[PDB]
Every structure is written in C-alpha cells, then in structure tokens.
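A single chain, nothing else alongside it, follows as structure tokens in the form deposited in one PDB entry.
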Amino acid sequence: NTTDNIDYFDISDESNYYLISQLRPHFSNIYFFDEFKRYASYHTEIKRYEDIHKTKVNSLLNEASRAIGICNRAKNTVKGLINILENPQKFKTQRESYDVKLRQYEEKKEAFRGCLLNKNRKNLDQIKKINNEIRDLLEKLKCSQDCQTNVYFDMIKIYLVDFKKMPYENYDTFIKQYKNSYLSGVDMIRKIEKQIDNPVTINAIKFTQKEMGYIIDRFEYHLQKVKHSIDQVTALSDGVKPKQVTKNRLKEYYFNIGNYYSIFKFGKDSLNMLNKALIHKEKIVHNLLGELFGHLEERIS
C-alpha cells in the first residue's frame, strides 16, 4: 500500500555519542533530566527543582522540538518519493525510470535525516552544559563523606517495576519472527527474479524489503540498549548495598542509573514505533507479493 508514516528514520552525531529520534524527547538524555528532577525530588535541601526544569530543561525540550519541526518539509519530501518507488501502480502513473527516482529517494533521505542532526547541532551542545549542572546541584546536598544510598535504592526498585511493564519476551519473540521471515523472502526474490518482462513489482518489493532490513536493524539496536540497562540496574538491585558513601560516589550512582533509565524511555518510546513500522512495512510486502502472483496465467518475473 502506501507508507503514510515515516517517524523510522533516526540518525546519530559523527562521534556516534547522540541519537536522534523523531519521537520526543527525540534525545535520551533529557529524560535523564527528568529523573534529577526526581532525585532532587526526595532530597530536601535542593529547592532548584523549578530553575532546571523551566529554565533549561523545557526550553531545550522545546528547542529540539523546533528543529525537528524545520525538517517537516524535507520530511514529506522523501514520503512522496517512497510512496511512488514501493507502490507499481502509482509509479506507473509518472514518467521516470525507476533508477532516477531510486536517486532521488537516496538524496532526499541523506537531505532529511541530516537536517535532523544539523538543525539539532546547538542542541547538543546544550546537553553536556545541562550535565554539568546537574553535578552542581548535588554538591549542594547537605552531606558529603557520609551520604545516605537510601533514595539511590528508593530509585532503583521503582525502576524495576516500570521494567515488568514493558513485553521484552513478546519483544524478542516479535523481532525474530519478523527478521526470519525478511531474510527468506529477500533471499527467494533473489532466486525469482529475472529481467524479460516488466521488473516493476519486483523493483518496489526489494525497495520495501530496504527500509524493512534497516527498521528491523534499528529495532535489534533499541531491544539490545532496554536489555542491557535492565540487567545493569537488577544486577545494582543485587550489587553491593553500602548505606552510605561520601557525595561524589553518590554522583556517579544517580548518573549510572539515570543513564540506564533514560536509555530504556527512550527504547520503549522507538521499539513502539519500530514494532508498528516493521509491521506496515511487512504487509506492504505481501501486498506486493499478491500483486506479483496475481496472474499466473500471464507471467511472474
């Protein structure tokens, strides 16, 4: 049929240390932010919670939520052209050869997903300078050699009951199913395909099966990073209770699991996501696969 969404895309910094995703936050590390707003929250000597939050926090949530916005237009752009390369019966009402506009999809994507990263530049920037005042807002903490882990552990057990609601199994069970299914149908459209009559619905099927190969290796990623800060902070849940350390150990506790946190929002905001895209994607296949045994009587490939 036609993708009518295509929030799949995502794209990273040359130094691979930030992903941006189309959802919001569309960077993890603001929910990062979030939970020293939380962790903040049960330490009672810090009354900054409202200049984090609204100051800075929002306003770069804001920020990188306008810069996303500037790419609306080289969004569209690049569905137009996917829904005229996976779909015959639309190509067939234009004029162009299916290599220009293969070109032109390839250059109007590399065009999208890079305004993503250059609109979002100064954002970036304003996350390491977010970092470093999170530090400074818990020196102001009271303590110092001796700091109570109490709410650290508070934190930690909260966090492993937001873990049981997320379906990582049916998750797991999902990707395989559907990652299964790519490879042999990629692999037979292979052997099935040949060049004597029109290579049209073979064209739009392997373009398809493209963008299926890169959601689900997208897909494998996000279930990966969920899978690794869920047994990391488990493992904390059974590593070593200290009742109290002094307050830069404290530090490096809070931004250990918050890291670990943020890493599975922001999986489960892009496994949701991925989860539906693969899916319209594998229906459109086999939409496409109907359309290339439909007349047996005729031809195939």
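Whichever C-alpha set is largest while still superposing within 1.5 Å between the two forms counts as the rigid core. Positions refer to the first chain, counted from 1. Compared with the form deposited in another entry:
Residue shifts between the two forms, rigid core superposed: of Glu107, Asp217, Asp172, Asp197, the only C-alpha displaced by 2 Å or more belongs to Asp197.
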Contents of the next structure:
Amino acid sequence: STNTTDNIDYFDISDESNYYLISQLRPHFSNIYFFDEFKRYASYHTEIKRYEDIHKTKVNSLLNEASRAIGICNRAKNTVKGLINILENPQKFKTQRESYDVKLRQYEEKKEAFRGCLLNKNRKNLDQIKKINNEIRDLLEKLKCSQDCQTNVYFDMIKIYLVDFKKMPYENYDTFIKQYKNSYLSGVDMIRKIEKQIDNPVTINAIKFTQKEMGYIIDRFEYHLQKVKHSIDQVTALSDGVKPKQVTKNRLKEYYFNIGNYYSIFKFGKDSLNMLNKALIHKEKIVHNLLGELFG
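For comparison with the form deposited in one PDB entry, would you give the structure of this protein in the form deposited in another entry?
What follows is just the one chain, with no partners and no other molecules.
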C-alpha cells in the first residue's frame, strides 16, 4: 500500500520585497505566463511584431534560468524529503534513534533551507520580471493609434478566456477541499482524544506529522483556489460590463496588462491546484494506512 511520500512539489516561497510567488513547477513564476499571453496579443498588431524576438530571447531564457535555479535546490529537496519519509513512516522511523521532537526540529530546519534555496537561487531571475514588464509597456507605445485604439483584440481574448475558464473543474475542486478539510479536522480531533489511552506514540506521531503537512497543503490549495476564483470573476465581469468600440492607447495598455495578469494567475493556480490535488490525495492514503495500523 501507500506509506511513503514520493513528491514534495507542494512547497513554495514568496519574495520579501516584491512578493513574487515561486512554484517548483514550470513556469515557476506566474509572470512568465503573462509574457506567454503577450505573444497572443502581439500577433494581432502589426507594430509589435518585434516581440516574437523578445519572447524567444528574454522570456524563454528567464524560463530556463528559473528551471535551472530550482534544479540547484534538488539536494536540499532530497534532504527534506528524507526527513518527511522518516517522520511519516513508523517502520522507517524506528530504524533510527533520535526522538520525534529532535527529528521534527530537523525537518523544520531543512524545510526552510529548501524553501530559502528556491528564493535565493531565483533572486536574479526575479529581477528580470520588472524589466520585461516595462519593455512590454514601451512596446505597446508603438501602436499607431491614439484615441482610436480598437478593442477587438481585447474582447476577443476575454471570450477565449471564458471558454478556458470552464475547462478547469472549479465546482469539483471546491467540493473536494471542503470535504477534505472537514475530514482532516475530524481526524486531527480524533487523534488528540484517543492519544491518551493508546500507548503507541510512534504511529500517532507519524499521523500527526502527516496532518501537519496536510494542513500546509490544504492552505496552498485554498490560497490558489480563491485566487483562481478571483481572476475568473473579474474577467467574467469585464465580459458583462461596458464594451467600448475604442479606447485610448493608455487605457488599452492597462487593458492588456489587466486581463494578462488575471489570466496568468488563473493558469498558474490551475497548475498548482492540479499538483496540490495530487498531494492531498496522496497524503490521505498515507494517513489512512497509518490509521489502519493504529486501530488494527
């Protein structure tokens, strides 16, 4: 059966000064998805054809520099993965001699070292997000329009986005995390009360460590879900609200950045939610095998 964690992609970290969210999965930064989105915008305008060069050079290099940086933390990833496997598995934990409190402190120490690595290696890469943003603003300046900028491309991307929004199963995600968090908090309370009568500390501790990680992943799931829900709601409102045939060149610049930001967050969250949903499914099978070991 399932008793070991094989994937620890769920850990993430955010920047302290500019607050970029870093995922262990490509494209690691949601802003890359925005640069991907600007390719679709740029293919519809004669003036900004030069962005195909910018994306193929600056954007994709940043992507590959980001994946390389994440790879620099594979060692710190395996080090914290080894502690997870030890703390979650009673049979594996009994093979060593340190207390559960000692190894839990090492886990916290190695978890932050790995999370800190993901940020420390990407600091130079994160500095590129700003300069690519401004480079896209100046690129949108070369539009020949002034007060006559047609919004056909703007609302055409919105119509496509409403189709792509329906492909992600939001209702299924919401129903899952509600029943999951419900069951999770019950087992946490059940473990707290049967703990005093059963003299099996190792298995209970293995259950409590799994519940600790489950709590972390539940938080990441809930964070991205309502972020997904927000970008879906805002872009939907844009489809329902006013539909001007033309705007100024600066309103259109804000337009593309706004829907590009909302859509980049939606697919970044969609990437994370698919990963996190696999982590919660996995941790639940582990905690179930542990409960069967405890009661049985």
